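Peer 1: Spelled out from the first residue to the last, the chains are:
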Amino acid sequence: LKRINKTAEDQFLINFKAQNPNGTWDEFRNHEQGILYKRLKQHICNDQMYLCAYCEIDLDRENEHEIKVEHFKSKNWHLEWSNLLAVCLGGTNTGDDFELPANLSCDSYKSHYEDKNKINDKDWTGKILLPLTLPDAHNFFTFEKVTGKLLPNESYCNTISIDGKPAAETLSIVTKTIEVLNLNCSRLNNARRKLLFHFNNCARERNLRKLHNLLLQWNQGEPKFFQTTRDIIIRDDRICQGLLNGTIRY
Amino acid sequence: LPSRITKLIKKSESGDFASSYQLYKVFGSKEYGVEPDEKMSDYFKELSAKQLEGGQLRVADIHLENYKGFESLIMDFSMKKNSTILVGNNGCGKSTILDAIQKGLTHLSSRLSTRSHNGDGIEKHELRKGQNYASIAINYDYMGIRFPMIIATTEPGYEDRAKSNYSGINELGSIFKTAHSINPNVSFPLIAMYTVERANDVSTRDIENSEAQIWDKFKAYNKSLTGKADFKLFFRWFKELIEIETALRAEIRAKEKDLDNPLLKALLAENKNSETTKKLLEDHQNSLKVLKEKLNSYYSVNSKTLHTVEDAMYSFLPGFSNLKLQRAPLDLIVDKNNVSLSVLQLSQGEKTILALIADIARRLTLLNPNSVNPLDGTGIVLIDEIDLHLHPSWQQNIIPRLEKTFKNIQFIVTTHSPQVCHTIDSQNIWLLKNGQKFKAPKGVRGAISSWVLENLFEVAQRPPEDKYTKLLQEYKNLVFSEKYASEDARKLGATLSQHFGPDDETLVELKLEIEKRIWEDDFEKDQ
Amino acid sequence: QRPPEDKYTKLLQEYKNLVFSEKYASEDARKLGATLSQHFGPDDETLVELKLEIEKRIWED
Amino acid sequence: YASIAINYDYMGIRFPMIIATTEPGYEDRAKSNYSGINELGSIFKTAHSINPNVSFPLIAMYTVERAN
Ligand SMILES: Nc1ncnc2c1ncn2[C@@H]1O[C@H](COP(=O)(O)OP(=O)(O)O)[C@@H](O)[C@H]1O
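Keeping their order, the protein sequence lines are chains A, B, C and D.
In case it helps, PDB author numbering puts the first sequence at residues 3 to 77, 86 to 260.
In case it helps, PDB author numbering puts the second sequence at residues 5 to 215, 220 to 253, 261 to 542.
In case it helps, PDB author numbering puts the third sequence at residues 476 to 536.
In case it helps, PDB author numbering puts the fourth sequence at residues 137 to 204.
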């Protein structure tokens, strides 16, 4: 979770809120041919820089049928601003709901786990990490270079509190986040592995100029997909840190 | 009558079977406040009998309860796309669904070309062990209309709610029967299920038994849903068709009797040194060859509408041409790379494909009497274990060519190889888990075979038992474990580089990582 | 490994060659990118490689 | 003319074989010979004769017809 910056509240959402104080998300989507629906979707996605919330995949710029809007708390939460997020398709939308588990990634796996677990309390706040409340710079998720599976870091988790909970159980919250959001599927692991591939490829020449170009291209500019993986790779590598702090000059 | 009835009548007047059958149902009931009149119902039935230009008859859905090894397997076969790959596993129940469809389809095949009503039900060994409420329910789908059918059984010592209906298929049989006797050229639905028993295909027992019927439309349903591509029927059809075009045959009979006389054998045995008689014997053998050559030359000249059927089997087997038989001791002759040779000595997979395509083509041409394009009919063909005897080159090509040679034919098949199951889109391939049906993940239409194996068949691309695989795993563990040169990376690298070779996209990456690690320990010396 | 005659495979080839040549961001680059992102998923091996390299060599320009 | 030759091995000591045919219009140019397989059979039969429980090799093929 690269964390986002929730902007100021927009007007047409409040206008639809006023007319029906008790309404569902489907009511907001169907009303007025969904013009306000796609307007709010564009607002949320522009806030988020067109990157997936928990999955961090390059959301399509042109086609808006590849982007879904979901709620941190299971679906008045249908209208609250502190609940709407934009997520990937999750590998679904080819079928409807009859798909093999253990491969779904972002949110459809969340619903599948909720249904097969029979979780009555849909309030996930305080149970898994919320991207809105996360700090700007968090260490948290580290991954081994062998399989690319993201794993919690005990050292950083033990020295921070999240979602108004004691810092002792923060590691448990991170593990629960991993378990619910299925952030270790084959596709994302392969994507992380090839991100490591392309970080490593430019380093064969040991050309510090091109390496500094890579650091400038990743760290600076608009955030890109798999930002967490890039940050972990940059911090883990000692030479990248030495180049960033000015120890090495070319 | 409401204006909707008038609109439906007007639509049905412009060649619409759906509207005709909807008005038939309305007249047979009290729908939309329409007075019950069987006269207009019969008129609508007669109008519909003249509107059967083609409906692409399908099987739509299936409902199984306590059959074989499944409990409840409501499944929706594709309708807009004419294919479905039932992937499953070995022992999960692929053949269960296909067997259910063929038991359902035997009743349909009977009610097309037979009289009375004959069909097969659930036997004693098919009922699930533990409960007795078995039922097969396949909902057919003609062009816009559906006919329910439930095949059910019940143990004598109990009475479940397994009320077998057979309610819908009677209407389909009736409408085809009425449509038959107005113009004896109709596109009857095709029915055929093909088990794995086609392995014992073309052999001498069928060709040698060659030594009539006019091939009516009602024939090709016969011996179709059995499970074997009977080459004997195809050979008989070939002979009957080409016979439409005696002294030589009488000469062959006389020469066989004369040259095989016991007196001639005794004379030959008595005088071994018979060079003068040996010359006459070789002259007789030359006459044998000349007569046989002339008799065969009276054949390989012309053909008939059989050419269209022949073109179907030259596409699936490249390099094959000039399929005739021999008027000498019976055999079928092909030509492979300018090498004429007999069919009995073809490859196993070649014979399998040849028999399969020939049988389907024969069925399709017998059902369709008079058409410019007889080979693209409407029907259902079921294939079990399509990858039985096929090379991987043909496995990724078998289905895309099958859907092209035969257009309006459903091809629900079962596969056991990734190469065949990566030419079909991900929404039309079905996976049978331990007890439930699951859909394939996206990215199968043109994906790599390794991905299909890994995320559709649950098998690792690297055998997780071999010594070399474990050595590679240990090497990949050690390279990233902060000891990239601790003498064991050295040993295992010296082993794996010699084994796999210095140029493979599994060790090149990891050696590049090792080189990067080597570079990483240069500027840190001063630290 | 991949189908020798398949429409999506041909689109993959027609995307890959244009990525490694002229028309890196033009008429057809975005449309084939979207078409091959709808299928195969937007997160696989080949397409992430191609997207990363196109980002690299559009940043260089 | 056609000919098939197979060499059978046992404990590093080899047995020759050749099976051939010729169409009955020309004088045969390849006569059959089974010198080594008679040897092997005689060896095994003698071993059985002196001791009834001597292990013998297994010869079998499984054709595709094992489907049914
Ligand atoms: N009386 C029964 N009770 C439970 N299961 C049965 C019974 N009879 C047959 N089966 C099941 O039928 C299965 C046979 O699999 P099958 O339908 O032939 O598909 P495939 O050959 O492709 O593996 C077996 O797994 C077996 O469990």
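It is worth saying that the hints were derived from the structure and are not from the lab.
Ideal placement from N, C-alpha and C gives every residue a C-beta, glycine not left out.
Keep in mind that a hint or two might mislead.
Label pairs and their calculated CB-CB ranges [to be verified]:
#1 B/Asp537 to A/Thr157: 21 to 31 Å
#2 B/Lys351 to C/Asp536: 34 to 44 Å
#3 B/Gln360 to A/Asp107: 29 to 39 Å
#4 A/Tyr260 to C/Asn492: 33 to 43 Å
#5 A/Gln13 to B/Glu473: 49 to 59 Å
Simulated pairs of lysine-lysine, DSS-like, Cα-Cα distance not exceeding 25 Å [unchecked claim]:
#6 B/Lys280 to B/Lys293
#7 B/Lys419 to C/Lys485
#8 B/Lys448 to A/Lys126
Peer 1: Could you run down the list of hints and mark each one as holding or not?
Peer 2: Status of each hint after checking the structure:
1. In this structure the supplied range 21 to 31 Å holds for B/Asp537 paired with A/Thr157, their Cβ-Cβ distance being about 29 Å.
2. For the pair B/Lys351 and C/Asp536, the supplied restraint of 34 to 44 Å is violated, since their beta-carbon distance comes to about 56 Å.
3. The given range of 29 to 39 Å is broken by B/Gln360 and A/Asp107, whose C-beta atoms sit roughly 53 Å from each other.
4. Range check, A/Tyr260 to C/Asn492: Cβ separation about 35 Å, and the 33 to 43 Å hint holds.
5. The given range of 49 to 59 Å is respected by A/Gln13 and B/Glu473, whose C-beta atoms sit roughly 51 Å from each other.
6. Distance check on the hinted pair: B/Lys280 and B/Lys293 sit about 13 Å apart at the alpha-carbon level, within 25 Å; holds.
7. Taken as a hint, the B/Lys419 and C/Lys485 pair is honoured in the structure, with Cα atoms around 19 Å apart against an allowance of 25 Å.
8. A hinted pair counts as satisfied when its Cα atoms are at most 25 Å apart, and B/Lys448 with A/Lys126 qualifies at roughly 17 Å.
Comparing the model with each earlier hint shows violations of hints 2 and 3; every other hint is respected.
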